[PDB]
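For this view, one protein chain was removed and the others were kept in their places.
Labels run A and B following the written order; every chain starts at residue 1.
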Amino acid sequence: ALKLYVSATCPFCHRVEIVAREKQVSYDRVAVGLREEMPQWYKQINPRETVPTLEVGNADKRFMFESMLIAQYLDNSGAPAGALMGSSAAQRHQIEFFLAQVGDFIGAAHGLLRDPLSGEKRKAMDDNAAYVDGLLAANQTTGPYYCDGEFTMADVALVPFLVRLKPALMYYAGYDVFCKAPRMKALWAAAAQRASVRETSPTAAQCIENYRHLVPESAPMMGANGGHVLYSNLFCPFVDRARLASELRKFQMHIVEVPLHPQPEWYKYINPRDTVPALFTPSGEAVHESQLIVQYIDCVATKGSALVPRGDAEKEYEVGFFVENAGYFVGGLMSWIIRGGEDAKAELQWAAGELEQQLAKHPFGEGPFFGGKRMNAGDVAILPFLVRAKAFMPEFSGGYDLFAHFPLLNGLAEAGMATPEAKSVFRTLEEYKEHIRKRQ
Amino acid sequence: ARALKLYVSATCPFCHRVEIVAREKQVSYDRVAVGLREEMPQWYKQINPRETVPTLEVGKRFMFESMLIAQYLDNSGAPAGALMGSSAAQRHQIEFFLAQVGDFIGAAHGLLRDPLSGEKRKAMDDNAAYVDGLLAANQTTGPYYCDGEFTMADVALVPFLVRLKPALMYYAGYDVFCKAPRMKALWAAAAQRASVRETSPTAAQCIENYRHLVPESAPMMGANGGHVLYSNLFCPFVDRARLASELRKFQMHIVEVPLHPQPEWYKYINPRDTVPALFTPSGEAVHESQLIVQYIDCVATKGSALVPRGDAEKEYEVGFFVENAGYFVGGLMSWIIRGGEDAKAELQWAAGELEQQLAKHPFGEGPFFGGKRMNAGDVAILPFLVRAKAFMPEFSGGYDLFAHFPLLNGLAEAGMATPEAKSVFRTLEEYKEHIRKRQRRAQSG
Partner (left out) sequence: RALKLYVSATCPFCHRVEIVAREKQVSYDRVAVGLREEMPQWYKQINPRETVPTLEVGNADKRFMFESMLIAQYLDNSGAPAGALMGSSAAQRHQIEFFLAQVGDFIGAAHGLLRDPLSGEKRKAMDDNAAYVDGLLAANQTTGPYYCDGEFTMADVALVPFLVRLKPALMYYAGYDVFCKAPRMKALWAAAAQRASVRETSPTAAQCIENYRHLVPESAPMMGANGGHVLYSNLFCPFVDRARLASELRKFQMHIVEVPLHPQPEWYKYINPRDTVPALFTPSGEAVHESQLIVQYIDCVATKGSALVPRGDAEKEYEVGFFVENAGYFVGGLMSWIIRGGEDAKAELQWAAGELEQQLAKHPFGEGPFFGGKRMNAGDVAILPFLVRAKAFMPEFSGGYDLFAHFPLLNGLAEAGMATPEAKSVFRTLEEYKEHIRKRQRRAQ
């Protein structure tokens, strides 16, 4: 029989598991723990103390080491014998030469994981990804594999790492593994559809977890234990929306406090727009922009009243229109606070009127909120900025108070501020006024 | 009447968005035309105080904004919401992409409002590049934002790509896709979809419908969307295009581009920085003098054919004469601009090749290469025979090529006496002055 000793967490093992299926070679799987859980008896079988190892023959049992030599043994043992290593001496040489480069790519990716907010380690990953894309382009005509439509050993050697790095590098370093390597992305995309790859691949959450051991303990997302991570600030009204959504939909997230002006030199790797909020998912995806984060939170959250009224197109319109108009209110309010323009005040008034008039139709029934008795995405969109308006006016506008001219919007503001969700999110009005005084 | 009434202009990419979604989702509506700008009626301004189209009317109540209207239609036709994505993750990607389309549109209209601005051009390069990176970050195979799946992300943008491809070329000499190959593939695929094909304006309407943005002084504005020839009254290469135009009654708006130096803006219209250049009503560029002659001869409907189509051997004949004309031109201009026996011998050889072919009379009787009238060969050479007549013998230290090549002299003479020649060429003395100015400029240091 063939006995393969592996961890389901190990990309080197995955190489061998892919080849086995590609070649229709059967084997008995033996689970073997890694690092502290690696047993002594296994170290006696393989003194290099790594997985995989292959054991051949029942009676006179011998061992084979190293994933690429084992992969090659399996390829040489199923028909056509050796096909995965190429069909000509020229093609085989190009597969061999490629294989002799994959280790630098791996080393660069693991190096980034070990220091994920290093600029210098980020540039090394860029350069190595680009380098590999150049090797693909030099060998390819059409793609998607290294030898075009033929899946070979070149692809097997690399794919297990592409699978795990895509979510892992986004989650731990805000890095897109493919940003400098479009050809490598098309190679990964086609490889991931092959039964041999998809039936042996771990989940995105598993790829993040299985790489946790490389990442430094002080990296900002580590306290999340693989959960949703919200990059945040206690004073930012845009973040407030996300945290309101989260409180309203009982949506657990790990809060990372990012200071602002100055923000840390690394935050630009998490969001290239250098703004909070930013949400990262347990699948290693980035969800950017406060109201987009709110809408995301509302799609996947299980507990609560819906913030977006799915199933009703007209009601979805109302919420969409209020949120758009809330955007125009925000732009007007924030400009007017910071630079004090007259064009700014007029745009604030216009947008308030758009909000107020739709509030006056009560499309979500009676009650003080745009959502009626309860807050919807509309309410979440506007409330933090009404709170900012309450702090700014009339102290810092020589007497002008927007809320004297817009009673329904003042109702929504007072009723929002008085909810439990609001009081677990917002600073005190004085803290907001003080922030304005520091700013000017 | 129907449940849905849509207020639109056929000139409007924002309406095109909603019209695409209607057909994708197979949702029917009554169309109501609304005039734009000065023509917008008050009854419509009362319906939508933002004073833009589209607006949707349901039942009654109104719904504003193309992206909100598009989403209503997506949320009203099975399968409900499908254009906005099949998962939270995919829907987020679409929504983030939709939040960036505004800036692309703004960079595009920025360029149309100031089409020869380097600064607005750089900004369009950067926003196109940026859109392509967004596409690269979400795509694997393409062609759409979500690969094989057409979604709202494509719908938002497609109407602008359709109109900007011909508009940015015509008004700016700018290729909308030069920094955005993925965006090109997305456009190309979308254009073949039923929903987009059947609701698209023609290339000429695209150009017309953006004219209102373009400065009045922009150099191509007097063409009123017709053919535009970037020209100069003294350039023999331009004379070919204009002779061809006269011979085929092909209407073109002439734009006089001064030379030595040419205006800085001209390199935007032809990156080779040369005249002539022809722009078409469909917003395409046609570069190089003899290529332009050829193009004019393909699309023109009046006059005798410059290229003898339907007869392979005679088409060879013209091609051969035109190639040889090319060597004559190289020789002559090189000898006029710099002297040199190398260039003089080139001229003589080329003249000889042309003379030997005229001697075979493949187009029958007459003084022209084309017999009784001028063909593409005659058009290619004549302006250069005219420059030779001005240059020789006064500035060639006595040498007169026409004394040694009589059929080519025949061609020049008969060419110069046609009405087309007399409507195109300057006087022989004007060409002599041109030559004298050039020579003095060359002695300036």
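Rule of thumb we're sticking to: a residue touches a chain if its C-beta (ideal position, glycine included) is under 8 Å from a C-beta of that chain, and two chains touch if they have at least 3 such contacts.
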Among A:1, A:8, A:69 or A:418, contact with the omitted chain is made only by A:69
Looking at the whole complex, which of A:30, A:38, A:56 or A:436 touches the chain that is not displayed? A:56
Looking at the whole complex, which of B:216, B:313 or B:429 touches the chain that is not displayed? B:313
Which is it among B:127, B:195, B:199 or B:294 that touches the chain not included here? B:294
Spell out, residue by residue, where the missing chain touches chain B. 175, 178, 181, 184-185, 187-188, 280, 282, 284, 286-288, 291, 294-295, 298-299, 309-310, 312-313, 315-316, 319-320, 323
Those residues of chain A that touch the unshown chain are 56, 64-66, 69, 72-73, 76-77, 81-82, 89-90, 92-93, 96-97, 100, 137-138, 141-142
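Following the convention adopted for this analysis, only the chains that are shown with their structure count from here on.
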CA centre of chain A versus CA centre of chain B: separation in Å? 44
